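4 protein chains.
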Amino acid sequence: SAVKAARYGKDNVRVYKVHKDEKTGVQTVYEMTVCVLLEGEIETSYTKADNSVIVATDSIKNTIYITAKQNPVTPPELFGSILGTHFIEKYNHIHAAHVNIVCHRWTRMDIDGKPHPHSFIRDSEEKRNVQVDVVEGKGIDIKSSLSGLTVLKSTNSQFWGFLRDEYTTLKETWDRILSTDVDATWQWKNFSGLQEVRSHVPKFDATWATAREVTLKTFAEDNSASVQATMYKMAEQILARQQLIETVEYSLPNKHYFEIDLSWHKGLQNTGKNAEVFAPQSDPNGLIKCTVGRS
Amino acid sequence: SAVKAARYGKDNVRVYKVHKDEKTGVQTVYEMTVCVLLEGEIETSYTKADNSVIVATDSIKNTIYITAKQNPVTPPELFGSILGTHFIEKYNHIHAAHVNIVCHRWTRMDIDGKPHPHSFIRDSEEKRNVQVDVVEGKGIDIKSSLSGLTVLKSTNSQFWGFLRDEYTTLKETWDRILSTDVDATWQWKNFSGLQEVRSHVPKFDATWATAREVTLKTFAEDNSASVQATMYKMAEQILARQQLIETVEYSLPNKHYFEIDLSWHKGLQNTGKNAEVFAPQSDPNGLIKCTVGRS
Amino acid sequence: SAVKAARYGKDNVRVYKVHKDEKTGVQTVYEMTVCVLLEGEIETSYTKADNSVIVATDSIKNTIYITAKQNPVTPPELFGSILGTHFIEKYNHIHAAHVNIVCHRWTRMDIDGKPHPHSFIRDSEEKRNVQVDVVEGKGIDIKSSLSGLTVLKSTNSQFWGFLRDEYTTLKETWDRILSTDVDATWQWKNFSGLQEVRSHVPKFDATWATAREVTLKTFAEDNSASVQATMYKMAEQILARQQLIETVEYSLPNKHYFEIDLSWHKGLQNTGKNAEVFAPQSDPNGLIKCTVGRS
Amino acid sequence: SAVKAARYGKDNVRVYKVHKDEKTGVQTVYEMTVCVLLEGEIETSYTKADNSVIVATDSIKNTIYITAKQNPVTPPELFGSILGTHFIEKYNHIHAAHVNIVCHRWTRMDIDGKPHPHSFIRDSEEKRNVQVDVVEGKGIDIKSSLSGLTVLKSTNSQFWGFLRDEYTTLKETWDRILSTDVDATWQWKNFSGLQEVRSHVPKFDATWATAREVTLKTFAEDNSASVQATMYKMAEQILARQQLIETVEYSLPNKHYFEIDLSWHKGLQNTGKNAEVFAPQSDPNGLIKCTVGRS
Ligand SMILES: O=c1[nH]c(=O)c2nn[nH]c2[nH]1
Ligand SMILES: O=c1[nH]c(=O)c2nn[nH]c2[nH]1
Ligand SMILES: O=c1[nH]c(=O)c2nn[nH]c2[nH]1
Ligand SMILES: O=c1[nH]c(=O)c2nn[nH]c2[nH]1
Ligand code: NA
Ligand code: NA
Ligand code: NA
Ligand code: NA
Ligand SMILES: [Xe]
Ligand SMILES: [Xe]
Ligand SMILES: [Xe]
Ligand SMILES: [Xe]
Numbered sequence: 001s002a003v004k005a006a007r008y009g010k011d012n013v014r015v016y017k018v019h020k021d022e023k024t025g026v027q028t029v030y031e032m033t034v035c036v037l038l039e040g041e042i043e044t045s046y047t048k049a050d051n052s053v054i055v056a057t058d059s060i061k062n063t064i065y066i067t068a069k070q071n072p073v074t075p076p077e078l079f080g081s082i083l084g085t086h087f088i089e090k091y092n093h094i095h096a097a098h099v100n101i102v103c104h105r106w107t108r109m110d111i112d113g114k115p116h117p118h119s120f121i122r123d124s125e126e127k128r129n130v131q132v133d134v135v136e137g138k139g140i141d142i143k144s145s146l147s148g149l150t151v152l153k154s155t156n157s158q159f160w161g162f163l164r165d166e167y168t169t170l171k172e173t174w175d176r177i178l179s180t181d182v183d184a185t186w187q188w189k190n191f192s193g194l195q196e197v198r199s200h201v202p203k204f205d206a207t208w209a210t211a212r213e214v215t216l217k218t219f220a221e222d223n224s225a226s227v228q229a230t231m232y233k234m235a236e237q238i239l240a241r242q243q244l245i246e247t248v249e250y251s252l253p254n255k256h257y258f259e260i261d262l263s264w265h266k267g268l269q270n271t272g273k274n275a276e277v278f279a280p281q282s283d284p285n286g287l288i289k290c291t292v293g294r295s
Numbered sequence: 001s002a003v004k005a006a007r008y009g010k011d012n013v014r015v016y017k018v019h020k021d022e023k024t025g026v027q028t029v030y031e032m033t034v035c036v037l038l039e040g041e042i043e044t045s046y047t048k049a050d051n052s053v054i055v056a057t058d059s060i061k062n063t064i065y066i067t068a069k070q071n072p073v074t075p076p077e078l079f080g081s082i083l084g085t086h087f088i089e090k091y092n093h094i095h096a097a098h099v100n101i102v103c104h105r106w107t108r109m110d111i112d113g114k115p116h117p118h119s120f121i122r123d124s125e126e127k128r129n130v131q132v133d134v135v136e137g138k139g140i141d142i143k144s145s146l147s148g149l150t151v152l153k154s155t156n157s158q159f160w161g162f163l164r165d166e167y168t169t170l171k172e173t174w175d176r177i178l179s180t181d182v183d184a185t186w187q188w189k190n191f192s193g194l195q196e197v198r199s200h201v202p203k204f205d206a207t208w209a210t211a212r213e214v215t216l217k218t219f220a221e222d223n224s225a226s227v228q229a230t231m232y233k234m235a236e237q238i239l240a241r242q243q244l245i246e247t248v249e250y251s252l253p254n255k256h257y258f259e260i261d262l263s264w265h266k267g268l269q270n271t272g273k274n275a276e277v278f279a280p281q282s283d284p285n286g287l288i289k290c291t292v293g294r295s
Numbered sequence: 001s002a003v004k005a006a007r008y009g010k011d012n013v014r015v016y017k018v019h020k021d022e023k024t025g026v027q028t029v030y031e032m033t034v035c036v037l038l039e040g041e042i043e044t045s046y047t048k049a050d051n052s053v054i055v056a057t058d059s060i061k062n063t064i065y066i067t068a069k070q071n072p073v074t075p076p077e078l079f080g081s082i083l084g085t086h087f088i089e090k091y092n093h094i095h096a097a098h099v100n101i102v103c104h105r106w107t108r109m110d111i112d113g114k115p116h117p118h119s120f121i122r123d124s125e126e127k128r129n130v131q132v133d134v135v136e137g138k139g140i141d142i143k144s145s146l147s148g149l150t151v152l153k154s155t156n157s158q159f160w161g162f163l164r165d166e167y168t169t170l171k172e173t174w175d176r177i178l179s180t181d182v183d184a185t186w187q188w189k190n191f192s193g194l195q196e197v198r199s200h201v202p203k204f205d206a207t208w209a210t211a212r213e214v215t216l217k218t219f220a221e222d223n224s225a226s227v228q229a230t231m232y233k234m235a236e237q238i239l240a241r242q243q244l245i246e247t248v249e250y251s252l253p254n255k256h257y258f259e260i261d262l263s264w265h266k267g268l269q270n271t272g273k274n275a276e277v278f279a280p281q282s283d284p285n286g287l288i289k290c291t292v293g294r295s
Numbered sequence: 001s002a003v004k005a006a007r008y009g010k011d012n013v014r015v016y017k018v019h020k021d022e023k024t025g026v027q028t029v030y031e032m033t034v035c036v037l038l039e040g041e042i043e044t045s046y047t048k049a050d051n052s053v054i055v056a057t058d059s060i061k062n063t064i065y066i067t068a069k070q071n072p073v074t075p076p077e078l079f080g081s082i083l084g085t086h087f088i089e090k091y092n093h094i095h096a097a098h099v100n101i102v103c104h105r106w107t108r109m110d111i112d113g114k115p116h117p118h119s120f121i122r123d124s125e126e127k128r129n130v131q132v133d134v135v136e137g138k139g140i141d142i143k144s145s146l147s148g149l150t151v152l153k154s155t156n157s158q159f160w161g162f163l164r165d166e167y168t169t170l171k172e173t174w175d176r177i178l179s180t181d182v183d184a185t186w187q188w189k190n191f192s193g194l195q196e197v198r199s200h201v202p203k204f205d206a207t208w209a210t211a212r213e214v215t216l217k218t219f220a221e222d223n224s225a226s227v228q229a230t231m232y233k234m235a236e237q238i239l240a241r242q243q244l245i246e247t248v249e250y251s252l253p254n255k256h257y258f259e260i261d262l263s264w265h266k267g268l269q270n271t272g273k274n275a276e277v278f279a280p281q282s283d284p285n286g287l288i289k290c291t292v293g294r295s
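Residue numbers (the authors' numbering), protein chains in the order written: chain A, 1 to 295; chain B, 1 to 295; chain C, 1 to 295; chain D, 1 to 295.
Source of the hints: derived by calculation from the structure; they are not laboratory data.
Take the hints with a grain of salt, since some may be wrong.
Treat identical chains as interchangeable: a pair holds within one or across any two.
Simulated crosslink set (DSS-like; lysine-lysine; CA at most 25 Å straight-line) [stated by the list, open to error]:
(1) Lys289 with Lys255
(2) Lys69 with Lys20
(3) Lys114 with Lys273
(4) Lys143 with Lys189
(5) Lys138 with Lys266
(6) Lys143 with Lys289
(7) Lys23 with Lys203
(8) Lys171 with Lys90
(9) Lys4 with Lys138
(10) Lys69 with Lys189
(11) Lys255 with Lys127
(12) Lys69 with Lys289
(13) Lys171 with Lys255
(14) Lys17 with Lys266
(15) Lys20 with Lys138
(16) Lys255 with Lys217
(17) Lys273 with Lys69
(18) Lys17 with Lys171
Same shape as in the complex, but just chain A:
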């Protein structure tokens, strides 16, 4: 037997950083969860109990804190690239670093219509994420994403004209609830290294903001023919607005809300046009995915 693939490192490293503006007194906080996994010439730690090739995962953890101390942590695409580059440059025998970062929301509070200088609220479990793969001699591959964005529209969703056979019971509908948790990933063109990532820094926040805005607007305004059709419209628009993106991937659950027939009880009408009370279903759920790229 032989080692075909191996990676190891530290997961679930929680990091908080504060920036203090001395002029204005305004403080800004960042909180992330970081995972770093390394690859390289490390097979002998598995096969021969040779620990000499291991950069201890505890040291990886230290490195994350030190790197956050000495560098900006925003945008996360830049921080991840710095962190990944560090490992492949510092260690001769490490040839790839894989960095995943989940950014948690700390949104500045408004108190009496004014932005507070040092108080923050977690407005939703929506995350902004990055996956950065730094591979020696092959540059930096970055996938950026938003996840945990939960939305619902109460009308202007339809689903009819699907295949009907002996396995089908679903009725066609011209008016239903549509609710989902959005997972959207945009993959950047490969970057040659840290200098190139630095040169595009302003595009990272702007593209995140565009992806979010396009997702919300399209969801709200599309008279949706299906999850498939609506999500494709989202991805098409993101690609049109940022030339440095190669692909956009969406993964969307269809979180079902079922009509409840109450007619057994005194002829109460609660279906079709009269539907007011619905039963949200925890499971099962549709799951629809698509990756859209350029012609």
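Given the structure of chain A, go ahead and fit chains B, C and D with the ligands onto it with the hints provided.
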């Protein structure tokens, strides 16, 4: 042996309701999770296998949907009171109903600066809750609450002057991070029945809004001497603003963020005045509670 | 306004302890999660920012580790009583300690039919818990429990003869699946103090074992007329076997498994006597509680 | 823009099946969670709102229940292969089916030393899983796995001789706790179709059992030089025992238990040879992976 206490019913009943304004086309959604437990002359179902006294939990579930169809579901204090009253009035041998309601946020989306007529976002896992106890001959006891409101301030929190003995290692501090998840409960004076609850209907939303606003403002503005001192200030203000509240209870975790000493690494300064990078601690956590009532 | 009630302390303190037998080489591990909340003359920390009355929650955490170092941690009833007593005796102004302990399973592995000396497996998320309230001048109140014991029987459960009215759709049944997660609590007679708790030490593990065995046997053997009837049989037997228990409380979800009618598809028979494939329901669930005491 | 990849289907489909032996009266239950995602000529549902190509996810759900009714559900490798084959054969334009199955434990209860005929216990959250990819013209690819197997050994784990540089604070150790949650996946050689999968049916349960046994024995008996070294030993043995496996992958968290220095308190000795009480760390954690194949 004897039955000393018994209650039974249906938990985790998810309910969604939509209101459609025909004039404006505007839709408003409500989504809740409901639990109803009943008490009464039901001991024989336990001791004698006498099911004749059991209102099936499946029927309780049906009743929740039917009641939501025929009544407003907002404010939840009113809906819970209607639901609880139904059971004690309908069934001679049922003498108490305990209704818990968790309201989930569906906040109307703003698209291009305008409120969308039928699209909604889950902005945070913060909940608004009620517990309604309807007891035959003893009226209606309502506890209202907000929970899952997660906040952090990066300065203007202190903690010094605590007891120091041979079990103490904690250093006094004049500048720390304070972060918590707020659980706040206000208990209404007992209501004689549904007519009285209906007469106070406008106070329920207003008091929730006041409780939330007081919590946020006090947290942000208090130069906090301790969690204890800050939370007391919150509760005092809520009681001053709503005479129909008897008690206010807060339960607050102290979610710790630890300094990281980096001096071992090239004398890097990251403690005290130089602290920028911190390690959020998942556990353990302080837990501080208090119930404040009137003199 | 006035402080009506207050308690504070440290939650989620994870503790592991190992015992090493030098003679046999056998090691035994214990892992717990501990919460300690204190009450006493501490109102001024809330009302006057007087921290002098506060035993820091960080010190409480230290005390838990120190106490675990110097004392046995098993049975948890004894450990909790030692820990709670410590606080009320050490601190003049602290008059109550509330200690909750969750014990996690680390079951010794059998390798080739032999018990391994130092290797363990987490066989299920079932917990053994205690709640210990130590109140100065009023002794020690202990509630012991097991929770997270998940069981299912595929037949020998019935449910018929319940109340039928205009809210009822549930069909009577003479053969159904019954599945639940068992939460069972036995409350000990009040103990005068630590000496008395020590004198009953062997009863704690034995009664836990009896409670577990009675629960499992009764569940498996009862041709169940309802959850209510079966759980009462459990509680009755536990009270008969341990005179030092005053009350037994059970809280049992009814985790529903629904028949699936497949007759629409080529007349396939999958209901009643022909039911083979079922749909487990995540929610809603019945919830049935009862507290049984002595005549 | 163009669709580069697309798949859609139903996730989180809970299924329970009972087998009743009429001769012995013995019942056996199976409970699973199933996900089925399809690929094929379905791009037009995304790009042109052409639902005619969509097999509704609701129909996929129906198909899972119907297939479970008409076929054995064990071993899951066989059930998944039947289910995946169904979709590619039934629908001309569907060319790939991806089936994931999580099997939940329902272990027969022993009551008074005898196996009970119809009562079961969930002994741990350990799962047995399969991923089956059925691709038209390319056969059936099966990955089998166990996950959620949580173990700890209190000694006979070491970690020394790792790289030490200016980022290292970790002390070398010759005696530590090792605890992990095991995720192990074995990938079968490609099968030409359902006939071939059927011909190997007895190997599926046997290989699962072997993988489990090897994992437990090696963990318990290895005087571990590192997680890396121990896991490699596991994978090597599994490959030696089943020639039809091509690769074995392990993914293992290193769940840390930290010594607690208590010397500040009356010189109490709780480190090194005197370490008895430890602090389990919820995060961060090491994460170590490896894929082992044949020379
Ligand atoms: O077994 C281990 N492997 C590792 O790679 C490591 N890094 N720190 N501690 C460790 N333990
Ligand atoms: O055992 C049961 N008890 C109940 O109270 C009930 N209500 N519906 N089904 C039920 N089953
Ligand atoms: O605000 C606080 N209150 C407390 O009681 C405490 N104990 N340690 N740190 C603390 N902070
Ligand atoms: O939008 C939808 N897409 C689908 O593929 C589907 N299948 N059932 N309902 C559905 N809704
Ligand atoms: Na390198
Ligand atoms: Na009544
Ligand atoms: Na005292
Ligand atoms: Na096909
Ligand atoms: Xe969508
Ligand atoms: Xe606070
Ligand atoms: Xe039961
Ligand atoms: Xe391991």
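Right, here's what the structure says about each hint:
Taking identical chains as interchangeable, the C-alpha atoms of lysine 289 and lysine 255 lie at most 25 Å apart only when both belong to the same chain, with a minimum of 14 Å there against 32 Å between chains. For a Cα distance limit of 25 Å, the shortest separation of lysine 69 from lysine 20 inside one copy, 13 Å, qualifies, whereas the shortest one across copies, 42 Å, does not. In this homomeric assembly, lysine 114 and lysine 273 never come within 25 Å of each other (Cα to Cα): the closest approach is 44 Å inside a single copy and 27 Å across copies. For the identical chains of this complex, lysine 143 and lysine 189 are intra-copy neighbours only, at 9 Å inside a copy versus 32 Å across copies, given an alpha-carbon limit of 25 Å.
Proximity of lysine 138 to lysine 266 under the C-alpha cut-off of 25 Å is found in neither arrangement, the shortest distances being 70 Å within a copy and 32 Å between copies. For the homomeric pair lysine 143 and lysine 289, the shortest alpha-carbon distances inside one copy (16 Å) and between copies (22 Å) are both at most 25 Å. When the C-alpha separation of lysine 23 and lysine 203 is checked against a cutoff of 25 Å, the pair qualifies neither within a copy, at 27 Å, nor between copies, at 44 Å. In this assembly of identical chains, the alpha carbons of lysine 171 and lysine 90 lie at most 25 Å apart only when taken from different copies (21 Å versus 61 Å within one copy).
In this assembly of identical chains, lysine 4 and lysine 138 lie within 25 Å of each other by CA distance both inside one copy and across copies; the values are 20 Å within and 23 Å between. Within a single copy, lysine 69 and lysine 189 get their C-alpha atoms no closer than 29 Å, and across copies no closer than 48 Å, so neither meets the 25 Å cut-off. Within a single copy, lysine 255 and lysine 127 get their C-alpha atoms as close as 19 Å, and across copies as close as 20 Å, so both meet the 25 Å cut-off. For the identical chains of this complex, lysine 69 and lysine 289 are neighbours neither inside a copy (38 Å) nor across copies (29 Å), given an alpha-carbon limit of 25 Å.
Proximity of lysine 171 to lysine 255 under the C-alpha cut-off of 25 Å is restricted to the intra-copy arrangement: shortest distance 17 Å within a copy versus 29 Å between copies. Taking CA atoms no more than 25 Å apart as the test, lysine 17 paired with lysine 266 passes between copies only; the shortest distance there is 20 Å, against 61 Å inside one copy. For the homomeric pair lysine 20 and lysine 138, neither the shortest alpha-carbon distance inside one copy (37 Å) nor that between copies (52 Å) is at most 25 Å. With identical chains, the CA atoms of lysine 255 and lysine 217 are at most 25 Å apart within one copy only, with a shortest distance of 19 Å there and 36 Å across copies.
For the homomeric pair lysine 273 and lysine 69, the shortest alpha-carbon distance between copies (14 Å) is at most 25 Å, but the shortest distance inside one copy (59 Å) is not. When the C-alpha separation of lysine 17 and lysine 171 is checked against a cutoff of 25 Å, the pair qualifies only between copies, where the shortest distance is 21 Å, while the shortest distance within a copy is 52 Å.
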